[PDB]
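Have a look below at one chain only, the form deposited without the ligand, in structure tokens format.
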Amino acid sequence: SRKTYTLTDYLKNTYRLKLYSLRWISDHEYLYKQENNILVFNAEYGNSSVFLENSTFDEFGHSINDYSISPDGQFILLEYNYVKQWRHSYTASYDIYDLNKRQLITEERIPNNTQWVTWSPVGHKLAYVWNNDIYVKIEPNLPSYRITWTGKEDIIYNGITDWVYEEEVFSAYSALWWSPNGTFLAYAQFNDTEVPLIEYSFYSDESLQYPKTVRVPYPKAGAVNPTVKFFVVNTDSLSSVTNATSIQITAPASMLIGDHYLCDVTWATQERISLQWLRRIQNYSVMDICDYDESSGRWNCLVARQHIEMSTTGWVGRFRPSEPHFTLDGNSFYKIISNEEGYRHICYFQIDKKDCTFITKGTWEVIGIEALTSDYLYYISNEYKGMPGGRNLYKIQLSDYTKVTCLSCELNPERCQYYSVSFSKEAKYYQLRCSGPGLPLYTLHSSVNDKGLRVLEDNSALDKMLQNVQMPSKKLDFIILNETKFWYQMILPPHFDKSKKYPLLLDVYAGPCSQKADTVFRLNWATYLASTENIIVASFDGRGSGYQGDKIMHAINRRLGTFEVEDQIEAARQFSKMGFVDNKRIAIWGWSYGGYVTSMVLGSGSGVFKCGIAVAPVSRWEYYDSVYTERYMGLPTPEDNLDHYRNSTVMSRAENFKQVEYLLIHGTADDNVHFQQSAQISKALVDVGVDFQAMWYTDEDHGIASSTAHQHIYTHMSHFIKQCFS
């Protein structure tokens, strides 16, 4: 009775999840769009009004992939001709539509192939990067001022990150920050002059006679890194005749002594900006708080407002030092730092006092700070029910740290255990986003007394569709290893029979600070495996895992490829003895870091796994970028950690692959985990006489996400799994 969730339903996305993506434009209203017009809503009452009819651009001539309405409500940024680059970066074409006089601007238009564009936070000023240089437009129809003149392809980047900074530190292409009211425009400048280049072939369309060689500045472990500089320009002092002047903010001397990184920039006030720098050895970081000197024009950072954050058990921050959240006057601030007990909690700082006061504590962690009002601090943590894989919104009274109130825990405990929030301009209202374990539920609330205003989207449509299908269940529980408990999850086939022995696929990632066992609702490949192929899909979080304190997360410091792989094996070893797992049919697969662990596990010789699939795996740490690798492994030098670098490679384990069935998959145009990584694995397996399956995806990058390659890789992997299991 009832059909199952098939591979085709997954590949064709036949069971869609409804979202409610809104954009706050004030403290009272937000914008909501369908696949047509953009409506404007009143949070208090719920009523709306068309902000601009979908028709407006019927004969534009181009497909619009995104809009961006200025804080003024006066103009609209039209983005089209989207050309994806790396994970976050991309170039596109832009046009501005004057909302007032309903007309398209055609004078002094934004150049084509613009790398990045952003409105000011309050009016309608524009800042865009083109050809690695920064430009500013005070008025959409007036000419723009060139702010920088050093841009140079693959060499100098102004206002935009280079490859490694986009991927490993800012998780963005953008490298510029407007001040609160738009008076100042801060930006970073990267110099990749001496950064080695990764080179790989790109075949392109069949018509291309000779393959093209792609080369990008990419620092691998221990290689030369790009240098960085920081500047702040005043957008009200620029004219047509004179060239704008950018004031640089240098140092700290404690940083200039060696290699370092700019890891965070956050404006505190109209005239105060805070910067956080990190040494190449990501053990020590410094925060400068700089103020504008009206009667001098430059920016000074008082060594007194400078705060040091370092670590003795590992690196600093989850991936980088957390960002600060300042009080309105900018004289104090809050930020998430590790406990003396190893747990990340919110600490309160006076900008000119070295010691901070923790306002939260306990054996759980604060995920992030979401808003700050004069009376409350709102944050998300996994405190509730002591489960690390849960997320809930809380508020804490700034006058009594003892008064903590959970705003989402009780709304619907059975259906919602994972929340994210979106506050209005002055935190007068907020939207709660529950994404599991049940179907996603979006609601609106008012901060005065946290009264729930209404439901924005309950995904009832999808719910009706799903009762017609045999959906799998999800079990989130834990096991204890050496006193310490570690969580895991199991996507169980429909009508799970604890009597029967099902085959088990271990879906793994296990990279530092990862979490694969949570309460999130997901419709993916694992859903298909359990629902149609009756396969149990598990995930486990062992040493190195995040959101559980540094004792667990820093357990693999300077030692990647050890405990996180071992625990992965110990997990399935315990899983097999649970009674309903066929210990003769246990597999393992993973992508990127998960490909590394999958490979390391298959070549461990544990004898626990029959087969496994590795997609875009790392094979030896010297092949991966510096910022990420060195953060956990240090430098690959004899004086530092070279021995472990050479001891944690997949090829050193080639001989052990004789006992398993392996599938190695990799995209030839992977700019992240280079094909090189899989090429060396395959070569080691060949030199030892180990047979295995392989598949390359020409011109696909790290996500192997083209519509056809995506369908093909999961189809290929499905056949392999079924074959290993039947």
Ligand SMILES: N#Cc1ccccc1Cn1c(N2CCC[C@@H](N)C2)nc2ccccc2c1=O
Given for the second form:
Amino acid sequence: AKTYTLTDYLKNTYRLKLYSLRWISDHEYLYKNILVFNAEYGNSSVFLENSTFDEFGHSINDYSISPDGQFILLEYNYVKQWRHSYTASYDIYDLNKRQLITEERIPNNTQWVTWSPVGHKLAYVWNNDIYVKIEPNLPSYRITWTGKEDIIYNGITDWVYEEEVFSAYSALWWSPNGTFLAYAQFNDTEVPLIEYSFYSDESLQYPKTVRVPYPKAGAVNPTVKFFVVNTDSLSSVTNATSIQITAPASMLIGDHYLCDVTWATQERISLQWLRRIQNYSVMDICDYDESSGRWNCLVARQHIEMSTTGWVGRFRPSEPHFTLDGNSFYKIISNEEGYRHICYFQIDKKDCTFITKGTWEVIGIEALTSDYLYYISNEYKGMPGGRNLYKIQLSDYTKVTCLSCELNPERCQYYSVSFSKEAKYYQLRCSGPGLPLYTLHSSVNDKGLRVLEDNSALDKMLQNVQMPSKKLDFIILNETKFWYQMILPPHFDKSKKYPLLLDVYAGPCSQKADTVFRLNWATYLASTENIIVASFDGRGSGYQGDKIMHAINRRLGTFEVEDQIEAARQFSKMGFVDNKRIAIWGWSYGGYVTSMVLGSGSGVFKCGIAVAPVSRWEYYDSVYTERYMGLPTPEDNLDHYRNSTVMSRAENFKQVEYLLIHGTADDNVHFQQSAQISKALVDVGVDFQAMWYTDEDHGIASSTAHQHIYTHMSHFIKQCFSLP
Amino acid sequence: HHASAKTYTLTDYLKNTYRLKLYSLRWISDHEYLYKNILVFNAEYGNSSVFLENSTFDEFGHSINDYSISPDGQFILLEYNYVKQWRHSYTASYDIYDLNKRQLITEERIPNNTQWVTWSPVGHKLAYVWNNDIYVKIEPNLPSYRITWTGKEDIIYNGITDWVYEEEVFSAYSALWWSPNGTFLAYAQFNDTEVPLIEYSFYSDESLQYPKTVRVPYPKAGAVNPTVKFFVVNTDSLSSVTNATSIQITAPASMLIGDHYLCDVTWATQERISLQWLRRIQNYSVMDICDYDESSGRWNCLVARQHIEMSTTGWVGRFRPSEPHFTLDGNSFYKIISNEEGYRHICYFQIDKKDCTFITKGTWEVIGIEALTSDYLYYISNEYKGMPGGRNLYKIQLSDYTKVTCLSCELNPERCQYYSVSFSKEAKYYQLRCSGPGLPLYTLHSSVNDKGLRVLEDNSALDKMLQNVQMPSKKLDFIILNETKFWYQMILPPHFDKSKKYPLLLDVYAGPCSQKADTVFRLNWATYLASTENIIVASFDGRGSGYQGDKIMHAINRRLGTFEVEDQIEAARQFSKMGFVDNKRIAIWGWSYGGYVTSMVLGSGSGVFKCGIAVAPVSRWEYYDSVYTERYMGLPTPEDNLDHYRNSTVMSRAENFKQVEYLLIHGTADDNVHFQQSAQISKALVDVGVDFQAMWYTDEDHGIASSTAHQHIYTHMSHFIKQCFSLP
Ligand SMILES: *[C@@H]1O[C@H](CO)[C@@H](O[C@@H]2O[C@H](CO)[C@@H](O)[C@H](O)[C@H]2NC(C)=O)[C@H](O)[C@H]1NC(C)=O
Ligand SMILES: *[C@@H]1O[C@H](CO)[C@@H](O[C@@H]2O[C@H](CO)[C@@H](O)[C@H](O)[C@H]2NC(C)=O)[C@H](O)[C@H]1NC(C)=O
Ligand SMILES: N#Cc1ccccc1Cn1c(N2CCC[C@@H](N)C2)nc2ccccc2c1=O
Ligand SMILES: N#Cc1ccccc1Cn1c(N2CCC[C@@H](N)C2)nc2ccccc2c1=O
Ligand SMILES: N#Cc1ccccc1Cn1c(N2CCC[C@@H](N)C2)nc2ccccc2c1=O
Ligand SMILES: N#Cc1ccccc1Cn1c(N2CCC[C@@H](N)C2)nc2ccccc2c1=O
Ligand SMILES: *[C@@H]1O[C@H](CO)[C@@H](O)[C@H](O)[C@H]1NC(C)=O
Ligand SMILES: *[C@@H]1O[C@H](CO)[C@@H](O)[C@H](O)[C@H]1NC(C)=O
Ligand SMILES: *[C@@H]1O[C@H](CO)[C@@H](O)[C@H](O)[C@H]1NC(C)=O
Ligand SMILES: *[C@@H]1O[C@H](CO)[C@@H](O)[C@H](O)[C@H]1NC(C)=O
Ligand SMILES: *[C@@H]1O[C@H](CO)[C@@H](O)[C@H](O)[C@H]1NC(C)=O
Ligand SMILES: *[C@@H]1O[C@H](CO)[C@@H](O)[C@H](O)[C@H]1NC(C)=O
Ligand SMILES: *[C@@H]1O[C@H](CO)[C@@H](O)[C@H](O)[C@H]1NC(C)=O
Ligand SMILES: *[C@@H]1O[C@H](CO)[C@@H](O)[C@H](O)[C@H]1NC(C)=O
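Cool, the form deposited without the ligand is there; where's the form solved in complex with the ligand?
Okay, now the whole complex, with that chain kicking things off.
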């Protein structure tokens, strides 16, 4: 008789239980007490007691066991930087001796730490330089002497590489047996700085000015170098010698990126490079030479990947999966029909043969063994929004087994997977449409060992609450399927008219209509406020082939915007939608599209909310922006850069109720972007509503800020919909 | 029919439907003034033809922001390419036109980006400041003499003020003072080397790809203040063979003892200049009197001549120590100081003496000395009918202080009770400006016979337009608290019914020496709210307000955010007790200090106010500037007043905001009250889970004065108020 309230969402009354494991062998894995588990039986017992480090003094944020299990690294003093980057203090614990190591310790304010893949070698980054420890208690060797704050990054990424290329702070790649440590070096000397105020605590008298080298569209980019150093032959008397691997000649002719690093074998590494115009990428295969101690990347072994219709990869070229001998690999590339499928490449020839095909896409290669290739795709039922684990037989490609399709077809249609070190076991994670379900399997016969978490605890509670449902479906548009989803209020009556809120992202390769179960803001709006919240994947959206995804190439703020308006038009004709009460909201790219929609003059939407929106593409970073827009120069794409601003649509905002929200310490979509929107609206005399968030960044993710923002939006929406 | 059906609408206010006409004039002699096409109106007769046709600069190729005529009337100075900096400071291009040779001077032109230019008071000598250095031209077509060589952007200022001196001390960018016949050029020089910078984003036009970080040396409470030196150069002994020699005048020993300020410069004669210095603890000030020694070519401030002004109740002066007005021989002066009773009156000082003698007395105050001849002293005060919010011109006989004549009191007693005055070069004529309660009125007067010569502007065009519109009225009265009178005003809706219950907006400033209850006629936002929206908008001068003596004014000394806050709440309680207020609909708004008082009121937990708007509020006194803040608050050190610094933040009241509806407005490019202060307020309301309305103004400053921004904020505020009061 009670509903899922805003408070329920904000305080997580109804917790979604996870089951996070970290494999350590081919049949064992860890689980947070921190106990070990057996995939076979489930026996053993404990690894570390709930409070053995009670007498540490500091509060432990995370742990990391060495591969051989002889040492555990303890992380504390965590200071977040950007999305993936941060700073921490570290101590190492000898698991055998049962004592904290106190000689030659890892320094304070360490940027990144990593074990070698086998054994207990250690590499860390401090003050933008790389250090190596053969043994946890011996003096570390300094690898690099060039690291300078905001200027040179050794073994760590700068702003743009962090956010837009590697989705990681780390730029260190150990060879499979720990012999070689490969790293990248970024140079930002000439990359312009973004500056913004950070007000900080009330005690701070004068505001701090934050500075980060951040390349906006068409600006000077960071340059990148790639090195490889031999850790087995490290000298405590002479400096470490780093062999450089230069980019291919087809890359060195202009600005370029390093977009992938993947070790093939103990003495072979693959590198992928991307031109600044992101429609051409090359893969180098580099072997270690013992006569010279150098690395050779045969020009004949280069593999080219390009696109005539758009950019390469979903957000970057796919990563290769090497056969053990490293003379072959599989990777996802789009076929001649434009659908992303798995291609098999032989190291010493031009042609690859495709091993999957059809009008659906492979999402990822999960593991490869001697006999089988494992991958997740949206093939099941032609639904782009589902995800199932498949097995393909290497000796015969037509022999394909769906390992998750029928495990529970009603409650489970969206899977991810985690395989053991050698793929003998795998954990399946099901994310919807029913409550999440975590199961454990043996890959020898593909039967299920046991249920790891079934979420019945949560299921019991949701029995008493009036919950919304999800409709997943498509509309036909120009002889093409476009998918949408709806969070429908409980006791849904299709003869009554409901206010509708369009929830938008709609960036390139986005997908907002899927089979995932979520407890979120939409959930409360549906449950308590009886609002329908819909999402739509129009042109530019992903996992439906290049025809749809590349439709907005060089033309951002066009078709994907038009299609959201059309979706709304379509939902009005569904009969149960009150077309005097349609609203639209989105974050980031979604804030942009919401703003573009509201300023289009369509008359379809009464109101909207844009959170941290891009307002004009020259303000956003090069890597993301240029992938879709090219350069903002007269000989490239300036005209569309100038045409696709939200500012230029300010006059049409007179027709709608607008709320614009932005965190003042947004390193990503700079406050600048909203500042220019508000200025344009003021300049044409449009009244609207605003909210800044002091020192909040792109996430607006502080516990209190998070609560304030969703509360503020609730009132705005409820006000727009005449809801008390 | 023919009954008034129109009201004074928001559009009327924003679009300037009903315009007040002014009468701006500039005296050039003791019997002639200029006015706009430029005409040299004659005060007596009137035979006065065009001085400059409006077309005379058609061929210029730049728009002319402003003009200035040399005292001798031989040259005109054309100001163009004006670019605003702070409240008074700006940058402009200049060109000089020869008013006799009828052409532009093309040789040795004044440079672009000039910070200040100024004619000598006689002849046509010129002093300008460029790149922070002073330059002099004896003749407009001749090369400049460089006076200073030490000018450095943001560090060394010669002849111009820095941020805080501009805003809080001189109310001007200029720091140059010519001697009466233009022989000497006196100047201040400021040193900001160690003064910390405020930094903030300036977004600029949308074509700017990367935001700009503006930085300005800006001393917050207790921070390292700028230092100041003072010099005098003889402009007649300038040479194009040697660098100009500037004679430093040092500060008195009592000031050099710690952090001090230059707070006043006034020439007495051709060879005598008076300085006033102020201690950082602004309760002690010293006037020096410096005579030019003819043989050595130096300046001498004799220790015996030093005049000390102080206070044991608060600070000295209303905002700074008052300015002296010297007699012709320079052996004597008159200035406004507070008496034994705490009231500010004109004291008469002899140079070679200790104690002065008060020429005025009473339970009122002198507002300003306006002119002194050898026979009469002219001043404005609020004596008439004991109305602190009134203003009249008075004339006291120098030889008999019992002979005081009001010159403006009865000219028009009904439409006119608030006057200012503009005297001719030697006070033979004066223009009177009446600013209310009726429509503004401008008249011209001969001071020999005191009778009126002519009506300059009577605003009859405006009076015509108003005949048909239901305008509000004003209630100016007082209430008694602790047997002390405290004045309020109410802007009352047309057809005011004392038997009805109106919603009330409390319009607040309430900072030290503020006055919000007066006799001035105004066409503002409040006019619309009353006329169109039927909201009573009231204002109240409680403890801390000025023009009523140190007893009221110093009541909040060292205790900012206490009584003035408490008095605004009590005022609302009195208004509701008056029987015509709906106490379910009482709001409050303010700008600057009034933003702070609003915030403190809305966080008081009083229960009296439903909603409020703070525009560019102070949130915590450590964020605001040293000169204004330390005047009332002392230093934020443990051994001074830090305790009350920490106790008077709006942040610490955040919890109480759950009871009110709050709109918080601030311009992002505000160099005065930094955006910082509202950003700290919002973070605090966010931390205690309070919902509120916000609005930033991109690139606007403390004024939010851009045409479009101005219209936007008042439209936005109107919505919020109408919402709060359930008005359709
Ligand atoms: C990082 O890149 C910068 C920018 O090119 C390099 O700086 C140049 O270095 C050379 C040799 O020292 C100088 O002649 C140039 O004048 C420098 N340019 C600028 C603008 O600083 C720098 O060498 C690179 N850093 C490293 C070690 O890779
Ligand atoms: C402005 O004031 C600063 C002090 O804040 C002066 O700096 C000093 O200059 C002297 C003389 O050159 C040096 O000996 C000192 O090292 C400086 N001290 C400090 C504290 O910086 C500066 O010279 C002054 N500028 C002018 C031209 O008046
Ligand atoms: N910038 C800056 C800055 C300026 C003055 C003193 C200290 C710092 C350090 N710093 C910071 N930098 C860390 C070093 C690399 C640099 N690009 C960013 N980033 C942020 C970000 C958010 C809140 C605070 C800070 C911060 O204090
Ligand atoms: N962030 C960001 C951002 C900002 C401005 C324009 C576009 C984007 C892209 N983007 C996004 N990722 C895209 C892949 C690289 C990763 N950096 C960000 N993720 C999500 C997630 C949820 C809702 C919107 C978005 C989104 O717009
Ligand atoms: N700051 C700065 C700055 C930074 C980079 C280039 C140019 C300038 C000049 N400048 C400026 N300064 C003028 C010189 C004295 C200095 N304190 C302030 N103040 C403001 C203020 C508001 C909007 C723009 C500007 C501006 O461009
Ligand atoms: N400005 C400002 C400001 C900012 C923060 C706190 C206090 C003040 C004082 N003040 C003010 N002047 C006072 C004399 C020095 C001059 N700089 C400002 N003028 C007006 C005018 C109208 C409404 C409020 C105010 C006001 O609060
Ligand atoms: C459980 O596994 C542990 C792993 O070390 C093994 O030693 C033990 O024999 C097993 N115990 C039982 C009772 O199954
Ligand atoms: C890290 O910093 C803390 C506090 O300043 C200090 O006590 C400790 O010795 C440091 N640890 C290392 C490994 O440098
Ligand atoms: C790791 O690989 C290197 C390079 O091929 C090789 O020399 C070494 O024997 C390997 N180490 C071990 C112990 O497997
Ligand atoms: C890459 O993009 C540019 C600009 O859109 C285009 O002219 C060029 O033909 C493309 N190159 C390839 C390899 O398709
Ligand atoms: C200005 O007016 C006076 C007074 O009537 C008159 O005598 C005089 O001739 C006029 N000035 C000239 C010379 O035009
Ligand atoms: C001022 O600037 C304009 C345009 O740059 C130029 O023509 C003129 O000569 C300049 N004047 C001086 C004296 O610097
Ligand atoms: C004037 O003073 C400056 C700086 O002190 C010096 O550089 C300049 O040469 C002097 N002028 C002359 C030529 O006397
Ligand atoms: C102005 O005053 C100075 C100093 O008293 C004096 O020497 C000079 O003669 C005066 N100038 C004129 C033109 O009377």
